[PDB]
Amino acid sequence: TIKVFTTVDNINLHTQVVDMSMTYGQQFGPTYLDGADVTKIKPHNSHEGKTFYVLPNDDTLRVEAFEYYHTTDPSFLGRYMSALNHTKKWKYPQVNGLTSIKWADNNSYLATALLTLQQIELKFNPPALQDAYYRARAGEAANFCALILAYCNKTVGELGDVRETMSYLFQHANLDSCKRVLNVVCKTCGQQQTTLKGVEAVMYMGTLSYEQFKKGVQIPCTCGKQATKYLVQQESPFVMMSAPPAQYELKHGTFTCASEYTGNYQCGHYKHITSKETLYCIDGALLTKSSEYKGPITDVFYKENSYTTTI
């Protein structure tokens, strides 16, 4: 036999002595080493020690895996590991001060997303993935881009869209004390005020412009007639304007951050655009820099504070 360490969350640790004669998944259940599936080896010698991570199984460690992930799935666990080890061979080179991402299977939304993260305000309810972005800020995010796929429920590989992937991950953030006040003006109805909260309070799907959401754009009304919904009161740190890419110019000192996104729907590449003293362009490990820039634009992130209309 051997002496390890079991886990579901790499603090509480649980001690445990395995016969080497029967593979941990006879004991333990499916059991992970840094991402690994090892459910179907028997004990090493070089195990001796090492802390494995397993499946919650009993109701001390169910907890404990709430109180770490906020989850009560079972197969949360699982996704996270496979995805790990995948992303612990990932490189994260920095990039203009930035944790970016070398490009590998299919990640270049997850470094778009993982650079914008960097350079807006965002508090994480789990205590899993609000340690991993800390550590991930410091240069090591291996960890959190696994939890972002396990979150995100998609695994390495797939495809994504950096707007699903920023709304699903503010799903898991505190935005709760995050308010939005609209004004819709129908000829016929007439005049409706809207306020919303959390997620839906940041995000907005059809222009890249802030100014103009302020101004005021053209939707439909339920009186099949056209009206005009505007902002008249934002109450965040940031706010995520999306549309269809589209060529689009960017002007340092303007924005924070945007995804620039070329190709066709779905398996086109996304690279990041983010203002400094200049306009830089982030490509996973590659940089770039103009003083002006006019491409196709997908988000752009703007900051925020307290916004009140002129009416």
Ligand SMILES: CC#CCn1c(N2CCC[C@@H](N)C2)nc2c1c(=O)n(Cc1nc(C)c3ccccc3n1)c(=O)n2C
Second form
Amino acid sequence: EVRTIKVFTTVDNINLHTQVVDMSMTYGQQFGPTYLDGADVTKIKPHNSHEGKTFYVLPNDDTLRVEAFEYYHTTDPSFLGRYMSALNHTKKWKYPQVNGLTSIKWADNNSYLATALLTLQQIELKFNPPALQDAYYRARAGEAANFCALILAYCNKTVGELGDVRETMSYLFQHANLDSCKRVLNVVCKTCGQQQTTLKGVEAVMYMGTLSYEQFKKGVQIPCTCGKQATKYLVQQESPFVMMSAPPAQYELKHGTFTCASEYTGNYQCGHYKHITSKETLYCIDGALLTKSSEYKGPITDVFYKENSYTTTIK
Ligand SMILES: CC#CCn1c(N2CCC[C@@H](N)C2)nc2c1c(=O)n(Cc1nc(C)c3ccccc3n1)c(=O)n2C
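Moving on from the form solved without this ligand, please list the structure of the form solved in complex with this ligand.
Expanding to the full complex; the earlier chain stays at the top.
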């Protein structure tokens, strides 16, 4: 016989689209790659247990091509599957409230996410893909599966993959409004004609090489091309935060001196991030785990500091 239920496809889960689907044929046969709340259903045949429901689909047509662009800000042919494949595990994670931040209960090596995520609920960033806008907001409200799958999709990391906090933040920064952000640097050797540079946007809020912000304020000897070693020093900073990164190295975090940091313990192959946040005292957040002390020595990779406006006084 002939049987057909009605369902809606969507790329953004806001704009729906009426379809009537033949209950013999798989969704793969009708819409192509299709997903139900993360589940690949391309090869399942429609249950009447599905009438009224929203499947995500690959952006096959132009209507879809434009909704997906406007919501996500990408045209990566693969973005959508990546986002559903990741959502299909993120939906099953636990996002506990830990000291009033949303964290993630450790699974599938999401250590780097929990710390990235905890960093966000802590610094002033505004996302440009409405997708992130929307998903972040639920995440703050402690509903974070979507935000997580979204980060996975924007980073081309699949659930399980080993990820790096720095690179992760590079990706989210790319999709965040930091135009007004402005860094001016100068690098002086003792006998050179000391060259200066100006950095704008993301390039202005990330530095790789030292954890210490005040250190960078005072000068950092760098592998320069002079006759001696040259000091790199920060001339001017315009931004709502800065991020200092560097390879994992034993470092001490002092209450009241930073906003937060990332500890990486292990090696390239095997290791674990943790997040330290400066509040009434030092709190160390490790997924669902919480500990406290007053001072913290340990192998740090990333330290973030609140900022707005800084002129150096060094001549
Ligand atoms: C709302 C809004 C907005 C503006 N916008 C648009 N469009 C395209 C058509 C649809 C319409 N929504 C406007 N696409 C965008 C952005 C945007 O801000 N960022 C973040 C970004 N990206 C980069 C590369 C940055 C670089 C430096 C500083 C900040 C930056 N911020 C993006 O990544 N993409 C892809």
